[PDB]
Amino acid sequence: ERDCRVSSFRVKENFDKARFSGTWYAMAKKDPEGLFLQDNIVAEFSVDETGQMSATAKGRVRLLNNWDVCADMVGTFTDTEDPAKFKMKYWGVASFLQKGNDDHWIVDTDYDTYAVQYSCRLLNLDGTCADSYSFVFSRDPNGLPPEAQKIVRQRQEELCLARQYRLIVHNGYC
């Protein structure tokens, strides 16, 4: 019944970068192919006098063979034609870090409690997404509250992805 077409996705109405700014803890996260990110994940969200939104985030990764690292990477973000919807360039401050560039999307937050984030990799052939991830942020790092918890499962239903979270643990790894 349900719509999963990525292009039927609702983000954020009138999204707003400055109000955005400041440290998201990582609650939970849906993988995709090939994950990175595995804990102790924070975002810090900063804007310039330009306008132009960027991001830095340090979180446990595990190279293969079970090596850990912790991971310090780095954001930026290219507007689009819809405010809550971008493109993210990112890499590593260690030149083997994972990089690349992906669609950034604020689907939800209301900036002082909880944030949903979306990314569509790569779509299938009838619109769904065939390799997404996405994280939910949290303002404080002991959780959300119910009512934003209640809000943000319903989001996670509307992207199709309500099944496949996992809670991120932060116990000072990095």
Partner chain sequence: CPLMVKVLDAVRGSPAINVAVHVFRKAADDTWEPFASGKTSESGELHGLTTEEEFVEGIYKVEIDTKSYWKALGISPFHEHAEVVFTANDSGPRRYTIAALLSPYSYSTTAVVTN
Contents of the next structure:
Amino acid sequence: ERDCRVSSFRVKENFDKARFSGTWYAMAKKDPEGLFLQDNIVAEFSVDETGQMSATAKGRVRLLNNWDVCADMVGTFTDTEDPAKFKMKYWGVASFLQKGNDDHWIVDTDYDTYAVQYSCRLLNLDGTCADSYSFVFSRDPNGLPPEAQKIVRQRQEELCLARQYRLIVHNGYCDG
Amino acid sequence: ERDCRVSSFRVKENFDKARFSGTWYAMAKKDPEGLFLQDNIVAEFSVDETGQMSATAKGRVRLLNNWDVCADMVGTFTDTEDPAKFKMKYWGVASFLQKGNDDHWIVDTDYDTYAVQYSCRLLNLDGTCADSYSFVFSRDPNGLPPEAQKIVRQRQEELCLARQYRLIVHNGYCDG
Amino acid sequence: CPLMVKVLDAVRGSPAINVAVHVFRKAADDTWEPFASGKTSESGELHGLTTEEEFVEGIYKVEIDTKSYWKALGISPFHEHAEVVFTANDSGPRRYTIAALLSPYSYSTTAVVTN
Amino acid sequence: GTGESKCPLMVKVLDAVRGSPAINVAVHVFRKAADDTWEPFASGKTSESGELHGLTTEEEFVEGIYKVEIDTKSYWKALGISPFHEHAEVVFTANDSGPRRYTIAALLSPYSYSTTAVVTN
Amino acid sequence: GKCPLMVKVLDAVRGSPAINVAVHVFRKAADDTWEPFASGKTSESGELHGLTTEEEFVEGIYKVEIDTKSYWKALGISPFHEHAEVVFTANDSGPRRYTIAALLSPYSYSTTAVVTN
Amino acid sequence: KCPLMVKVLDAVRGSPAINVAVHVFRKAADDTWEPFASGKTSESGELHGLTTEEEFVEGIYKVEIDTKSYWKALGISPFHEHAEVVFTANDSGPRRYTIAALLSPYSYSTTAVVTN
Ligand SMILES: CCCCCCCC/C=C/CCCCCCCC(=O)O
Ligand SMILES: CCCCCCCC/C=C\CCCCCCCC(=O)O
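Next block: the form deposited with its partner chain bound, after the form solved without its partner chain:
First the chain shown before, then all remaining chains and molecules of the complex.
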């Protein structure tokens, strides 16, 4: 009965890139096929001279058999009709690292505490998602207040991803 | 019957490096095992300031299965107790070409018409040759007067190489 | 077989298992016919691509899908794929074997032809 | 929008048989089209050091798929040996991932070649 | 109470197995020299099977030496390398089946290990 | 200029193999490798200045590359202990030598560029 067509999903109203900028710690992730970022994931969002959003994540990636490396990622966001939906073009400073171009949705945020992002990589023909990833971010790495957690769970439920998120560990594995 | 010990072989008496200099065309060759120079062989002999002899040579080499190339060879002669016997250090200007260090003997020469050279690369324990090469040179590529041919045949006989020399063809293969 | 393909992994030190291989032959006008195709086995070899009969003469392209191999392992590789291109059977009978050694930013390719 | 011109793309060729720079080799470059056709992009021949410089500018070299085709067969025939390969193709995506300099290097033999890339952050 | 070490050698120039390539295998001792461990020559297909048996193939550092020089000199070329030299630790975690592979040219060789369980 | 140069490339990361330990030896009268020259690869993957025209003399040489240190310092477990390149040098006139090695965990290629 729950509508699962990605085009039916609520996104952030009048999303404001400027209030979104700064550091965001990844607290939980729903992996897509061919998962990339493992753990220790921290993003830094900015706004351009021209008003364009961009970001610069850091994280542990488990390559090959068991080769672990700290990826420095970079992504640039082009706008759309909808202030909360972007196309994200991304690659790592090191070229052997994954490159790509993904829809990038701010499903919800209050700018100060939490954000829920979503990405649909592949569609089924009924409009439901065949391959997606989703991050939950927080401004504070230790966790979320109960009010925030409650909203977040509600958003996980609406993306048809309830109970599918892996917990993101932070143990200083990527320290300069 | 005939004494075939390389140390018993007569060489040129009071060989003169200077009268030996200039151009010598290779007219016949007795190949060693692992043969190198095929045909179109021409040598240029010189003498240095110090009195040391050296030479140059051009020639067709068949490499691999059937790769033909014009080799530009170079060799330096260090002297010995005998003015007709040298050690020849040699290599090609192109480094993939054969290098080495061979005894080099002037068995006989005329300076004007013919030279017969000999090299013993490996010995049997009774003092006879186990691997040798020998060159017959002429000042004129067309051939030898009958008096020179007679001596040359006689030298071939005494190096125990009668009937074993291959005719060197000269068809301009190495020009341009 | 008239045509065998062996692929190796220079990184993990093993056959490249499940590498998709797509052979083409050259048409009278200058495009490619999908001549044969398969996947490398557990030993990384592709036997049974074609027969002496069908393996006629002409220009042939062996295309090895390396990108998929590497992406399936985290890495964004440099090459889209490997392409050995060679004339075959212009003097009757010969058994060709294309061998590829794979790295993300490099590959080497070799033919072992006999008969 | 005008910038300093150091080569986004350098090719280098080496002779494994002779231990030397593979000199005067024909190298052609193509960019895959909307219709999947290879469009002629850049052309040249290797210098004395074995290097093809100045093939294209930062600006003209744009996000795409590229084929570097090296005339190995020409080099080997013009020298005597009968090569196995018609040419050596290097197919690769470039500029999809920040501004970078690329280096193709190919190492040549009659029945074998290897190619390798050096891309710089 | 099938050999654990196979060597395949190829000719990058002629495009065929390197036939009759002499291969010499050494192992490392307490004091740091090399035991002549095994010996052979590449066959008609360039492979060296039956170099050794599972049990004698004990743990340690091993050197596979491939005589490239002879191969090339016997064909006119003065090659660059004395020989090809693969050095690896074998069996420090139970058994394992190694195949050292070598691609050959006068001024270049590449070598690679195909290890199996 | 330099009669001997070494160059190292990383086949996995598509870049100069920076800080690689390279050791060189000359075979002795008694079949012993005498320590000859030593260093680490620069930013570009290039060890220049290993020796001089004069000191580099006819002989057999072993260039040993510490591939294993490189790979472990990156967290991969390599197959090779090191990479040896054994060669005769300077026996055929005065020449410049270039060793180049291209590295992978279970594989490497080496090549020479000697100039007349
Ligand atoms: C007898 C040497 C040839 C004539 C003297 C020329 C010396 C200068 C050239 C360098 C030496 C190259 C010759 C070595 C070839 C050995 C015999 C062979 O061809 O198989
Ligand atoms: C949504 C990711 C974090 C916010 C953007 C950070 C910008 C850094 C650039 C892109 C990082 C690449 C993320 C793509 C991988 C997502 C799925 C995965 O890791 O498996």
